[PDB]
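Chain residues, written in single-letter form:
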Amino acid sequence: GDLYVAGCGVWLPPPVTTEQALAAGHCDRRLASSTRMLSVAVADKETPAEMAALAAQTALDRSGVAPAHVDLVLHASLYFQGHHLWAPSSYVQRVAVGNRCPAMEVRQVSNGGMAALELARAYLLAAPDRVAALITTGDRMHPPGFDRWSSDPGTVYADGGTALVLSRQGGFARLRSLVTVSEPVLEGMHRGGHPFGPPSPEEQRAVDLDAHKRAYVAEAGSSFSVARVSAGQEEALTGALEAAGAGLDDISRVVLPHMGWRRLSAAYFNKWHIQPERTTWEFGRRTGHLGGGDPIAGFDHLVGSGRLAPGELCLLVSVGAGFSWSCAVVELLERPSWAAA
Amino acid sequence: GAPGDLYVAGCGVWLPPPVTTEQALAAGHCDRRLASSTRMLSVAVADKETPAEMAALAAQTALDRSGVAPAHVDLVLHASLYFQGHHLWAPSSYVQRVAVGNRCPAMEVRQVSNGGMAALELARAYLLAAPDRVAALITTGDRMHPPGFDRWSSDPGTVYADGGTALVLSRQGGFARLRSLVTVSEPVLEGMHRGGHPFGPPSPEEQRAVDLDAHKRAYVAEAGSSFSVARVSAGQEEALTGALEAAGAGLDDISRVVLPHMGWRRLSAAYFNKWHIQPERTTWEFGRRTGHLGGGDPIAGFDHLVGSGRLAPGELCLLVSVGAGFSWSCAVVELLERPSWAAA
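In order, the protein sequence lines correspond to chains A and B.
Position one of the first sequence corresponds to residue 5 (my numbering), numbered consecutively onward.
Position one of the second sequence corresponds to residue 407 (my numbering), numbered consecutively onward.
With the rest of the complex left out, here is chain A:
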């Protein structure tokens, strides 16, 4: 009883070029060069749930699934959703679905999209009469709290929404495997306070992940850190491929996080020895890191541009602070009508 992907979609605001960022002083020459980012999607006034809802409408329309058959709505994100004590998943449900199933947030930092997929799968499988689930992501990474170029140097953060419709009934792709790996010993890498003590008091101040990474490594050790990160990634990869009865050579396209060149090279290209041309590198480098929606955006790009053929397998690769890793193997069954040739 494998599940299906029935629809997917994105809403991306207009790109800002690396050239404009250089001219505005947001990016410097070394950072442009190390990341090799071409542009990043940047929202003027659209808010995260707004962008999530626009993406959901597209994904639902494409899926053909009726509102009455959406049994769950999960909205994932990693940054402030705009209003405290307010329900962004309810906005998404109101705007994009119009139905009355449960709607809630799921977060797992940059692995939020896949985390929601894990829980949505369980939800659909937990009762015989359930049909589809809507997963969305949305984030808006603006000043003063965040610097999309320098809060986490090496990765350039985008504004935008993504959505996927998961179904037990049918769809244009089959979810062949989905595996999540957890190394919570690394949780201290993304906060202040002692890595093996309680979190430091809250600031305030703009997000600065580099400062926390340096402190974590100083305490835990560089060798320990790198090895444990590599191990988690390896476990998710191998876990997902084995569960689908596949090897990396059987994968036609790999959906990777939208990190800069140097990070992807270290984590993936020079590690697994896969070619960048077989991945979503070119798409990601124009888009930026979409909170927890990268693997949805990248899969959506691959399918919509006809780069994936019936019977071909796609590997989704996602990671977030925590750390958590998810990999999934998806088999494309048919080219959907919204796709290009």
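Worth flagging that the hints you see were computed from the coordinates, not collected in a lab.
Incorrect hints may appear among the rest.
Some chain B residues near chain A, calculated using beta-carbon distances under 7 Å [as the list claims (entries may be wrong)]:
#1 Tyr-532
#2 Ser-591
#3 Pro-607
Virtual Cβ for every residue (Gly too), placed ideally from N, Cα, C.
Starting from the known structure of chain A, fit chain B onto it as the hints suggest.
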């Protein structure tokens, strides 16, 4: 019991020291009118502890009491409704590192004040979706401090507490059985807790001091007071009746009702004068000394009832929870035995 029965195997809270209404009056946080309308006696307030800390502390109590091995914890879910202290950081992973020490998936679930029950819904699904799974840990934690939040006036009529709660859910066994759990959603009401047009897109970000009363008035003006009240009422009724019917029970069959830790005025309008039940049959006295624990009230309330021996074997408990959105969850829980951590 039967296969697919779910049980509460453990629970616990971590509550920081109470600040009395008197202290709040003296300090200017509260005026005598709010004190009188809410009838609050005290609220749990943390000095230095952060939300995941309090969650992990509560989780340690709940896991120890449950006697469930870390290897048998198949999922960790952490619910909350306010800033967790560090952006792009994983509070659920902190809870996992500190309180569980294992490698199952750990994530956050949020549904505002209904978060604990939303996490319970997904925990239940996760456990039932695979034959081999055993237990799941659910935690809540929140720290409602200035300058971002005013626990007495950010949402007048409810006084917010700092603290953590936790519950261990199991397919294997426990001291209580989950007889039903039902969640209701009325998303037409989402605009009530935000700026922007209630039926248009949200207004730009507001990290600033939270002020719900302002957004609520705006909603009612556009949507209509009559519409607003009726839809809130209907959602609450659907969750209640759905949970009772699913359990084979009527309200008369319920020994204790776990209510949100709201102020007396809000509880009277939504529950006491509507359902015609007595405060003594609810967690009113506990809540009025505790305050609104983010999405964790029904866990703290159930924990209180079991821990103080108020609930007896064979008796049924009704959990009542609600959050902005709006979302409602009700659950019927049957106490099977008095656990060893309880008194009589």
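| message | Please check whether B:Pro-607 passes as an interface residue: C-beta within 7 Å of a C-beta belonging to chain A. | response | Given a least distance of 5 Å, the restraint on B:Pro-607 holds.
| task | Using 7 Å as the Cβ threshold, decide whether B:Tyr-532 counts as touching chain A. | result | holds, 4 Å
| Is the hint on B:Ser-591 kept, meaning its closest Cβ partner in chain A is under 7 Å away? | Holds: closest Cβ of chain A sits about 5 Å from B:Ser-591, inside 7 Å.
Checked against the numbered hints given earlier, this structure breaks none of them.
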